[PDB]
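For reference, the structure discussed in these notes is given below.
A protein chain is absent from this complex, but the other protein chains hold their places.
Here the chain labels run A, B, C, D and E in written order, and each chain numbers its own residues starting at 1.
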Amino acid sequence: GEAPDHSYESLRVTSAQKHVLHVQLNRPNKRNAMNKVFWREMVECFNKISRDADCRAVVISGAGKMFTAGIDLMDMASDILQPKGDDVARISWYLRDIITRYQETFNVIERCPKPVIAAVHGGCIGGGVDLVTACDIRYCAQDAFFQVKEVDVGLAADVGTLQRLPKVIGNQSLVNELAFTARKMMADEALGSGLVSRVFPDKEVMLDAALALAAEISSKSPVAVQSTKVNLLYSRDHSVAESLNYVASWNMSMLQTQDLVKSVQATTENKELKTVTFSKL
Amino acid sequence: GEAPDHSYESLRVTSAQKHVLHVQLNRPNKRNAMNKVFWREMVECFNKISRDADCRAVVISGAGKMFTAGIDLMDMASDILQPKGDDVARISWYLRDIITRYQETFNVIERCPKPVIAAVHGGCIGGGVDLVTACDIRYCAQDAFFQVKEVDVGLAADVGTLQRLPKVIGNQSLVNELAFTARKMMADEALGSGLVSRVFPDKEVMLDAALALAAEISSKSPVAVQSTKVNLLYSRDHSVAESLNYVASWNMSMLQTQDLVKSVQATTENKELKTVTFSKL
Amino acid sequence: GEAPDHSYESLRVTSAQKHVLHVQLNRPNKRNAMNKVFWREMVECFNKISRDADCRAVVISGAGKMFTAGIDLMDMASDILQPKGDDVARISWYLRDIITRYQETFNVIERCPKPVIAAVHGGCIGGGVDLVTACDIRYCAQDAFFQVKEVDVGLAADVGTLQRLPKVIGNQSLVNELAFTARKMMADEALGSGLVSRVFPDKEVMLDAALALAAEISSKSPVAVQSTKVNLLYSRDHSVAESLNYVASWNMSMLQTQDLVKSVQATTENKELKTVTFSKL
Amino acid sequence: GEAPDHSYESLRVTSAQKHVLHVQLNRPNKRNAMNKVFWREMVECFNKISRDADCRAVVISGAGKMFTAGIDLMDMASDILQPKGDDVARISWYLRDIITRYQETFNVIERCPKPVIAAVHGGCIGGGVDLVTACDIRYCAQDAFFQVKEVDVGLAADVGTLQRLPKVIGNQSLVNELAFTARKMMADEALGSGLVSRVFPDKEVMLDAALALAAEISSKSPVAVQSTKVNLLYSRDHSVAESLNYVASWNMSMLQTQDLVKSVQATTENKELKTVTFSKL
Amino acid sequence: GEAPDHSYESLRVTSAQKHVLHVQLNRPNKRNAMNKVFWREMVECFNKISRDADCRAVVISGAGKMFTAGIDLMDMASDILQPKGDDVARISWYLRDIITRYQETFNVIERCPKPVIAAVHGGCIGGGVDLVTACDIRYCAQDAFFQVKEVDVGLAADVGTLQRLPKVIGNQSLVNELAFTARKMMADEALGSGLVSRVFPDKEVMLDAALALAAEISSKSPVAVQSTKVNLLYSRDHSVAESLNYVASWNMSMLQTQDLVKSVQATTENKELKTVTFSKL
Partner (left out) sequence: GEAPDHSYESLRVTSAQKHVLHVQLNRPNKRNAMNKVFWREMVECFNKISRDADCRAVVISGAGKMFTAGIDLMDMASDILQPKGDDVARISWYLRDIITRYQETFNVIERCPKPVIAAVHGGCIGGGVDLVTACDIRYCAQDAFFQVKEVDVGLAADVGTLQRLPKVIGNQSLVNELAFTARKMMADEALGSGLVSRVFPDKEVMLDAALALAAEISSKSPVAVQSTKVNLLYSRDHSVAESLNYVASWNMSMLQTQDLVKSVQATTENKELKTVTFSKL
């Protein structure tokens, strides 16, 4: 059961439960290696998701043994090792265009108003860290591990690892230790450092709980949920004083909604918020 | 024993020990619900505290079973559900004024140079999170729990939760999980995430230790303590390079104090810093 | 075995293993007290380290019983208690110059492209916190403890503690508790708060593992390692959107390196990255 | 004819024409010297103006020969030359409070959503520059001149001159020349540098044209006019990319207004915008 | 003679001289009114221009009597007056999407590395100001005038006028006067305020000189010209210290170009820079 608007050869988007989309990497044979097709499809996929009014939560998982094997070196070797340009200056313009495009692949996850939940089972190596670091909520199984493979490949992480990983956990000493040595951080250590919110025995239990969390989010008011993410992202990049100003300007319109009337009515009564239906956003 | 300058019908400010003010929410019957009277009194109270030279530490606790029950829906329903304005644009201006005024209620806690210690016993629901997130140091009892009820009510947190909660803990995955689902985070989970500094068996033990901590702060130099908070708050909203510049400009005057002479003299000797008296600030 | 270019009376820089420099505080009799000589030598030392192409990692440890005893009050009393200037305005200019120079002592550690690893054994009091908070990776022994002694001395931390300590750990409640009360935070509590990455039984085991970590960093590509720190530091002071732009402009030149060809060649094969040699940076 | 809500002994607020308030400094004998009474009344006056729905434009002029004679040295000598505080640190806190309060006197002019028009006749010395630099539109007569007298008094401008004057004109070379030498800049030179928008033969012609400009502003949509100032002020303090984001969030509510329907209807027809009436804001 | 890749029904892009593109609004009958087709075509057109290696300069002019008549009210009335959404919150999301898309129309002009020259003849009303304010260099004829019609329509400028107009001229008093009153600013006044660089007797002379300026830009090194615009735009939105850091990171790659060798060789000799050919960028 597809979207069915979402048809991709490297992703499988299946609508699960209600108002919940399950975006699943669909390259088990290559361990979900991020080839050239993957980068463009993610931008196309999460642009449709943002325009989708029915969708209220997004769950990102992986097929096969592991979540992802990182960047596909074979395809991306040609772009870096054989660039286009007569001299260095022309090559730098060519490379900066490629880097910017690949950064857009993970920006759309952050710019998507719907919450994104990452279900990581098995290894999450290299560029896969950027995939989960852009997600709002991160879950992992017992066998999962996170590795910043970029230094081993020979380049600094330029797709989002060095820009979001220090901003999603507080143990900055660990962040430097991981980035500089490219060592594997197991699930138990990940939970202690706050990279993930919960740890589950295996993929099946993790996936069920991740979808259950998405269903709970979809039950809430879509306006309140979407506005919460926008202000949470804005507050990260700005000071407290500016963020307080921005949320005042943002909420002066979002407060005039029928969701507020119904949610308060349900809250004052004993009815659960799952019963009350909200309009499409 | 009041201030006695602090006389309010929703707050009870009692001077405890020396140079320590115990601001206590005083609506046990309504579970310290934040009605219209509460918002204006907090601004009035913490403005006097800042002007108070004798006060050096502030402890915020609650009366009754729980710390607070969040925003009072009955009083605040009229402002949101029945706004003033001919059309949407006029309503937006009216709502933005209300939001800005309510944000000022918690800003004065942060702008107060004296350190603020939060003693949370029982539930801390909804807007009460903003009350403690603006405090410098957060304590809790074993039965305490923190809940961001705003999404359940039907609106994004626009009084300070989404602006300070991600900036007081590093586990950003938990922050998104709490905000989006509005679930209750118990005391044990709160300590692990760093929202609180200590957990105590009950309110009585927590309150005694909170006042003991405030007494220790009051023993230190008021200039050094007040300057520390100003630079700590400034460093949060600015880069390292700018903050280092600001503290150099800030300390070039605060270093010329008699406290430095006496504190060093006490430190060089065996006398405790509690013995040496400092001038009013 | 000195650098031998690094000859100082308060520091001992010994080249250990390969591409690893072991900068060691060398005043055991005074417990590594930071006198006037220490401040200027650190600036001189880490300026040479940055220009040193062979060096790829830096380890900061201490001699004697403890890592450091903080600022030397006897020498620094004259500067603060007996300043130069006819009136307050002239004194403020004189004091601001002193504060700015002492801040430069710890800035060069952060500005040094080579990673810096701190090995803390015994006490780390007062200004020593700024020494380790500027380091990328912090290790400690079982007996180590970190104390912000500045408030006890009678002044706010103006050399980097209040500016970097909140930005290296997420438990902001603890940061305020430490700064305001100047209490000692033992090694076990430090590990829980994320100030340190690992805790070792004693100095000997901690030092061996710290040098082992530095050797692992030196094995990686110097271009990738140095670029990683620059982007990690930049991402801390800037938003995600700006940092993504900066790394794109930074990596468009650093991608055109022979390290990328060799590291990928080793990664595609079974050869360890320690075998492949990289050019001096 | 007063407001009549605006009753002050140093200001005279007269309602002129319709939706236009004429705030007039009213100390001709002392040449509109800014005594202690003036500073507090301005904050009170422009807080009421912001809450005033009928007012749509504000014109600031002066009585007597000149617009203003700057700060009243006699009253303000006691605050600076005889401060309160045992030592320098206590005095610095006392002085910073005074400086911050006096800055609030001119901030409320900028924070007032209604446009403010400055009509300057005669001298505008010292702190009077901050009064006009906070205004949106500045007019002057032929005999008017602007002088930054702060350096002659012996202090740097700390009430807004050094913070807004470089941001209202582009000739930064002139700004440094004026600030450093405290020379008088006549009206003709002021027009060339862009400090004022127009120059008029005398006060009577300038005042009539200033009120005519305010009447034209009041004819426009109050929502559009008020929103324009908010975005213009925000765009000054922020980058283009952030400002474009903010105006999108601001206008998503202000676009849903009856003013847009009527203004477009008038624009499509031949009716002047002065005929169509708009609701109070 | 088209691009010929640029085929649009509202724009006419003709390749003039060498490495110069002449983008021309092509709706003379409707006075170049910006209908729905115009907004999407501009994004498509300037995306191709950026990817175009041969193009080195861009000239924007208009067909018919006037440069542009602003926004087409008839087409854009449906979007604003008849939005999509059950209540205000849904409408606000719908409107914010529309505003953001229309802002992207003018962002691509700024994000285009090639310099953009605006040739304005006849009126430039309303949204046309955003078109020229995003251009690097602005020219105008004797009969040209610039008007911010947004307030007359009934909304604040949300497409770029209020965000770039204060940042392209220094006379902030005039900017407020223009925005608040929506008056027409003739060419002579525009030159005095610095909105335009030159004024020409008519469109024919202005167009010839604008293309001559573009030819001179195309003669220079494309790497140096493109890099200059990137740093000029970055310096506008950032402080001096950050911009100096960014240009150092930007130029460390762009300095390694064959253009530097040839341009210096030509400069050392008497050969004009027009003779030396540079590689495509």
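Here, a contact is a pair of C-beta atoms (placed from the backbone, for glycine too) under 8 Å apart; a residue touches a chain by one contact, two chains touch by 3 or more.
Asks: Which is it among E:74, E:81, E:205 or E:264 that touches the chain not included here?
Replies: E:264
Asks: Quick one: which of D:137, D:174 or D:247 touches the chain that's been left out?
Replies: Checking the options D:137, D:174 or D:247, the one contacting the hidden chain is D:174.
Asks: Tell me which of E:52, E:136, E:152 or E:177 is the one touching the absent chain.
Replies: E:136
Asks: Of the residues E:40, E:167 or E:183, I need the one that contacts the missing chain.
Replies: The single option touching the absent chain is E:167.
Asks: Can you tell me which of D:16, D:37, D:182 or D:261 touches the chain that was removed from the display?
Replies: Residue touching the absent chain, from the options given: D:182.
Asks: Please identify which residue in D:75, D:143 or D:152 touches the non-displayed chain.
Replies: Among D:75, D:143 or D:152, only D:152 touches the chain that is not shown.
Asks: Over the whole complex, note the residues of chain E touching the chain we left out.
Replies: 115, 136-138, 167-171, 194-197, 213, 216-217, 220-221, 223-225, 227-229, 231-232, 235-236, 239-241, 243-244, 247-257, 259-264, 267-268, 273
Asks: Give me the chain B residues in contact with the hidden chain, please.
Replies: Listed in rising order, the touching residues are 246, 249-250, 252-253.
Asks: So that we can see where the missing chain sits, which residues of chain D does it touch?
Replies: Chain D touches the chain not shown through residues 73, 77, 80-81, 83, 88, 91-93, 95-96, 99-100, 103, 107, 110, 150-158, 160, 162-164, 166-167, 169-177, 179-182, 193-194, 236-238.
Here, only the chains that are shown with their structure count from here on.
Asks: From the options A-C, B-D or A-D, choose the one that repeats interface A-B, i.e. more than half of its residue-numbered contact pairs are shared.
Replies: A-C
Asks: Where the centres are mean C-alpha positions, what is the separation of chain C from chain E, in Å?
Replies: Chain centres of chain C and chain E, defined by C-alpha means, are spaced 47 Å apart.
Asks: How far is the middle of chain A from the middle of chain E, if each middle is the mean of its Cα atoms, in Å?
Replies: 35
Asks: Mark out which residues of chain C touch at least two other chains, giving numbers and ranges.
Replies: 88, 167, 169-171, 194, 236, 241, 249-250, 252-253, in rising order.
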